[PDB]
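**Q** These are the residues of each chain, in order.
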Amino acid sequence: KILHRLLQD
Amino acid sequence: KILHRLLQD
Amino acid sequence: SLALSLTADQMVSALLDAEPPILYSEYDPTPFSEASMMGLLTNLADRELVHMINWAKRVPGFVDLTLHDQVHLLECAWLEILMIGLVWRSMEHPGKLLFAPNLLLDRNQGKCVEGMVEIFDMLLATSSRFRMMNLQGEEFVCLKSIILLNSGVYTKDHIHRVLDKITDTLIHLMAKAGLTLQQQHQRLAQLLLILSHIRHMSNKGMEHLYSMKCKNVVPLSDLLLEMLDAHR
Amino acid sequence: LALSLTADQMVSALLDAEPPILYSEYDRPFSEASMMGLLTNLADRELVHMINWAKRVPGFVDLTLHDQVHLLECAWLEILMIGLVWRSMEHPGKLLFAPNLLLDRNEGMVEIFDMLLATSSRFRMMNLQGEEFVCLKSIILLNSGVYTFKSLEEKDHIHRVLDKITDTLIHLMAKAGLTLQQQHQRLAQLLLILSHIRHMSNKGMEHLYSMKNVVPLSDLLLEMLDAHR
Ligand SMILES: C[C@]12CC[C@@H]3c4ccc(O)cc4CC[C@H]3[C@@H]1CC[C@@]2(O)C#Cc1ccc(N)cc1
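Protein chains in written order, with the deposited numbering: chain C, 688 to 696; chain D, 688 to 696; chain B, 305 to 334, 336 to 460, 472 to 548; chain A, 306 to 332, 335 to 413, 419 to 461, 467 to 529, 532 to 548.
Do not take every clue at face value.
To be verified - Below, simulated DSS-like cross-link-like pairs (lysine-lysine); rule was C-alpha separation at most 30 Å, straight line:
#	chain 1	residue 1	chain 2	residue 2
1	B	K472	B	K362
2	B	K531	A	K529
3	A	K529	B	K529
4	A	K362	B	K472
5	A	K520	C	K688
6	A	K472	A	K529
7	A	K467	B	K492
8	A	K520	B	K472
9	B	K481	A	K529
10	A	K401	B	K472
11	B	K520	C	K688
12	A	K467	B	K531
13	B	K416	B	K520
14	A	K529	B	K362
15	A	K472	B	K401
16	A	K529	C	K688
17	A	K520	B	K492
18	B	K416	A	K467
19	B	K520	A	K520
20	B	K520	A	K472
As the list claims (entries may be wrong) - Label-pair restraints from in silico Cβ distances:
#	chain 1	residue 1	chain 2	residue 2	range
21	A	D351	B	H356	39 to 49 Å
22	A	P406	B	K529	42 to 52 Å
23	A	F337	B	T311	26 to 36 Å
24	A	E419	B	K472	24 to 34 Å
25	B	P399	A	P406	35 to 45 Å
I should point out that these hints are in silico values taken from the structure, not numbers from a laboratory.
The beta carbon of each residue, even a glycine, is placed where N, CA and C say it ideally should be.
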C-alpha cells in the first residue's frame with residue numbers, strides 16, 4: 688500500500 | 688417520544 | 305445546582321446507590338442463529354434502557370438540566386453506557402462478554418452475525434484493558450456518568477461544572493488507593509482515553525443497528541428505534 | 306529514546322515536527340462537488356506531511372511498520388480535524404481549511425461543519441495553547457489505534478510514551494500557575510474532547526465512503544478509506 692511505501696522513505 | 692415519558696415518570 | 309456541593313465520598317456513594325441492576329436474558333437458550342442471537346441482545350438492550358433512564362435521573366446534577374438537554378444526552382450516550390456496563394461486568398470473564406448472567410458469549414459465538422466479530426473483539430479488548438488496569442467499581446460509576454454528560458455536550473457550563481467535580485472524584489479515589497501524584501494523573505488520562513474507543517465502538521454499533529432496522533428480520537422496539545432515529 | 310526526553314524536550318521536539326499549513330486551489336464558479344474536490348485534494352496533500360510528521364513523534368519509529376500503518380490508518384482523519392480546529396480557533400464561526408479557504412456555516421456536511429465549529433469554540437473558550445495542541449495531536453496518533461492491535470505485543474511501549482505525554486501536559490499547566498486541582502480538571506477537559514474528535518472522524522468516514532459518487536479521490540486517500548471499511 689502507499690502508506691507503507693511512504694513510511695519507508 | 689417515548690424518552691420524554693420515561694424521563695418524566 | 306445541588307451536585308456541586310457534594311464531597312468526593314458523597315459523590316461516590318450517590319453513584320453507587322444509583323447503579324441499575326444486572327438484567328437477565330430470555331432463558332432456555334437453544336446454539337444461536339443470527340436472528341435469535343440478535344433478538345436476545347435487542348430485547349435485553351431495550352429493557353436496560355428503561356433502567357438507564359432512571360439511573361440517569363439519579364446522577365447528581367442530571368435533573369438540574371432541561372428536559373431537552375436530558376433527552377439529547379441520553380440519545381447520544383445510551384449505546385456507550387450499555388457498552389461500558391457490558392465491558393465492566395465482563396472483566397472477571399476473560400475472553401467472554403457477560404451480556405447477562407445467563408448469556409455469556411465468546412468471540413466464536415459472535416460469528417453467527419456478520420460484522421459482529423469486529424465489535425466483539427473491540428469489546429473484549431476494552432474489558433481486558435480494564436482488567437489489566439485493575440479498574441475499581443468506584444472508578445467505573447464515575448466513568449459511566451462522565452460518558453452521559455460529555456458525549457452530547459458538544460452538540472452548558474453547568475454540565476462542564478459537574479464534569480470537573482466527577483474528575484475531582486476520580487483523583488480522590490486514586491489518592492485514596494495510595495497512588496502518587498504522577499500515578500494519579502497518568503491513570504486519569506488512561507481511563508479517559510479509553511472513552512474515545514468506547515465512542516468508536518458505539519459509532520460502529522449504531523451503523524449495525526441502522527442496517528438491522530433496514531433488514532426487518534429481528535424486531536426492534538419503538539424505544540430502541542427512537543434512540544436510533546436520533547443518530548440519523 | 307523517547308523515555309529519556311524531559312517535558313521541555315518533549316514539547317520542543319513536537320513543536321519542531323509541526324507540519325506546514327498547506328494552501329488550497331480555491332478560486335471561480337463553485338459546485339458542491341468542486342468545493343469537496345478542493346477539500347479532498349487538500350487532505351491528500353496534507354496526508355503526505357502527516358506521515359512524515361508521525362515519524363518525528365517520539366516513540367512512533369520504535370514501532371513495527373505494521374503498527375505504524377495501523378495507527379495512521381485509524382487516526383489520519385482525527386489528526387486532520389484537530390489541525391483544522393486548531394488553526395480555525397481565531398476565526399469564530401468559520402473553518403480555515405487553508406489560509407485562502409475560510410468557510411462559514413453557510419448535503420449533510422453541515423452536521424460535520426457545526427461539530428468542527430463547536431470543537432473550535434471549545435478550544436477558544438479553554439484558551440488552548442500550542443504546546444498543548446501538539447501534545448493532544450500526538451496522543452491521538454498513539455491512542456486511536458492501540459486498542460485494535467499475537468503475543469509479541471509490546472504495546473506497553475505506546476502506553477509508556479502516552480504517560481510521558483501526560484506528564485508533559487501536566488508540566489505545561491503547572492507552569493501556567495494552575496493549582497493541582499486545576500491541572501487535573503484541564504487535563505480531563507482536553508482528553509474528553511478527543512472523544513468528540515473520534516465521533517467527528519467516524520461520521521466523516523461514513524461521508525467519505527459515500528463519496529467514493533463523482534467527486535474524485537486520490538489513491539492514498541482511497542487506501543485510508545478501505546481501512547475503516
Ligand atoms: C447494540 C448491539 C446489540 C446489543 C448489545 C448490548 C446489549 C446489552 C447490554 O447491556 C449491552 C450491550 C452492548 C453491545 C450491544 C451490541 C453491540 C452490537 C449491536 O449494536 C448490534 C448489532 C448488529 C450487528 C451486526 C448486524 N448485522 C446487525 C446488528
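**Q** Hints broken by the structure, by number, lowest first?
**A** 4, 6, 7, 9, 12, 14, 17, 23 and 25
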